[PDB]
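S.K.: Here's the letter readout for the chains.
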Amino acid sequence: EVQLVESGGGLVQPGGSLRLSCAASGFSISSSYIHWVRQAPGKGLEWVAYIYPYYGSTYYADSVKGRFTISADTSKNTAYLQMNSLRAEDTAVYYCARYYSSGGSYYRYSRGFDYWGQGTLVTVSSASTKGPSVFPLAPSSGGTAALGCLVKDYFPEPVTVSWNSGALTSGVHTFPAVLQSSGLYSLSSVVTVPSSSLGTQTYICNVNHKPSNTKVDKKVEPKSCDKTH
Amino acid sequence: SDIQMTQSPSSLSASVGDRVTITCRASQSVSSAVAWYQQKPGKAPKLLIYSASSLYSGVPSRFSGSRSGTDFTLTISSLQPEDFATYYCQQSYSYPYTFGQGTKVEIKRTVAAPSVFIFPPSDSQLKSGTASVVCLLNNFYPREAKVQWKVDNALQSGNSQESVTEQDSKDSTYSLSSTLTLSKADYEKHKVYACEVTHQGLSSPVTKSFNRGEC
RNA sequence: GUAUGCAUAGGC
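Sequence order for the protein chains is R and Y. Residue numbering for the first sequence follows this note's numbering, beginning at 1 and increasing consecutively. Residue numbering for the second sequence follows this note's numbering, beginning at 1 and increasing consecutively.
Everything labelled a hint here was simulated from the structure, so no lab data went into it. All residues carry an ideal CB built from backbone N, CA and C; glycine is no exception. Careful: at least some of the hints might be erroneous.
In silico negatives: residues of chain Y with every beta carbon more than 12 Å from chain R [to be verified]:
#1 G17
#2 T21
#3 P81
#4 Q148
#5 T179
#6 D186
#7 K191
#8 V192
#9 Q200
Per label pair, the in silico range of CB-to-CB distance [to be verified]:
#10 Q28/Y x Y55/R: 17 to 27 Å
#11 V16/Y x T129/R: 57 to 67 Å
#12 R108/R x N159/Y: 51 to 61 Å
#13 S8/Y x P222/R: 47 to 57 Å
#14 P205/Y x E221/R: 29 to 39 Å
#15 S165/R x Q28/Y: 22 to 32 Å
#16 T200/R x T23/Y: 45 to 55 Å
#17 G103/R x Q28/Y: 37 to 47 Å
#18 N159/Y x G142/R: 25 to 35 Å
#19 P9/Y x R108/R: 29 to 39 Å
#20 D18/Y x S212/R: 38 to 48 Å
#21 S141/R x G158/Y: 24 to 34 Å
#22 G142/R x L126/Y: 28 to 38 Å
Use the sequences and the hints to build the structure in full.
M.R.: Rendered as structure tokens:
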């Protein structure tokens, strides 16, 4: 029941400013050391800052120092990361994490971060928000058949895809998005299913691009080749 | 000055049941305050070890860690298909609390051949004046593979992009997706669209094609 | 090298 949730990520222009929120449940932030850790695309983890709300003590990594400050709101039981003068290199997933302030955390070494948030993506770019188009990949190998959606020309990341409202999980692969020469993202989500089931069962692509408020349900079915009817 | 955690190797591959050791060295004395984390792709890191030796609640017995001096070691006793991840150390001794650059652990398994599929463009896409053709390589191993598009025997280069999934944490396999993009005009000016797949589990390359305006 | 809970918080 202890949890941390990030909010406030999204597209921001170079030099602009952003405010991330880390919202705590099942504990008071005053009892814990709240940290921010960020990971740039295909990069390792980087420790950036922390606050201890009881003392009010803070520290900032050089990379963010003077452009970023952190604040605690005990009323909202939330920590905020105020990011200013954002740069392209600041583009990353931003995690809040904690360690509990325990006798052991002080006199001894138990500092490891026990609870993390899910992350929030911060994209620092001049480019403009644009929603995807969704195209079917229609099944025509062995006793199995493959089908999917092609989610094309969107920006920024992310896009989430589920199948039959999340009922269909096994069989699914959603591929890492690719950046095209246009500057827009494309990805495909594929599912292998028994070929026996193409008549019977419905297959629906559920596509969500939160930055542009675009949600699409795409029903994928094999194409029909007659033409004599 | 800031403490550096130098973690090695950058990456490793090992089979199921093997013992794996990842090591990390502090550039200065961190006095035993070291944690180890497991990060699955696209997901929050999970705490494994928190002092140089202590096991966090709920973490499996196969994970252990130990310290000699500034040298720190994480040990997986018998590698499991669920153990695929990147593994990071960190020091809590002095701010900033620095991470090692990480170690990605791939799990070896027996060679498997890609099941190949090919997807012609939708009609819907076509009216936008673009044609995307997708070639799917599903559930294979090892990760190296090759996809080559041919349009009426003309080899296509510079007009495609591919993406590979992270190793599956059950079957330890991979999946690949390749997209060939064309103007509709160029699409409707040709007939045979094919993708040829080269991999080890294939004794000979596989080709999967379609003809434009076919069904 | 032990309590990722509490707590004027350098104590329980």
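S.K.: Taking each numbered hint in turn, which are not upheld by the structure, reported in ascending numerical order?
M.R.: Failing hints, ascending: 5, 11, 15, 17.
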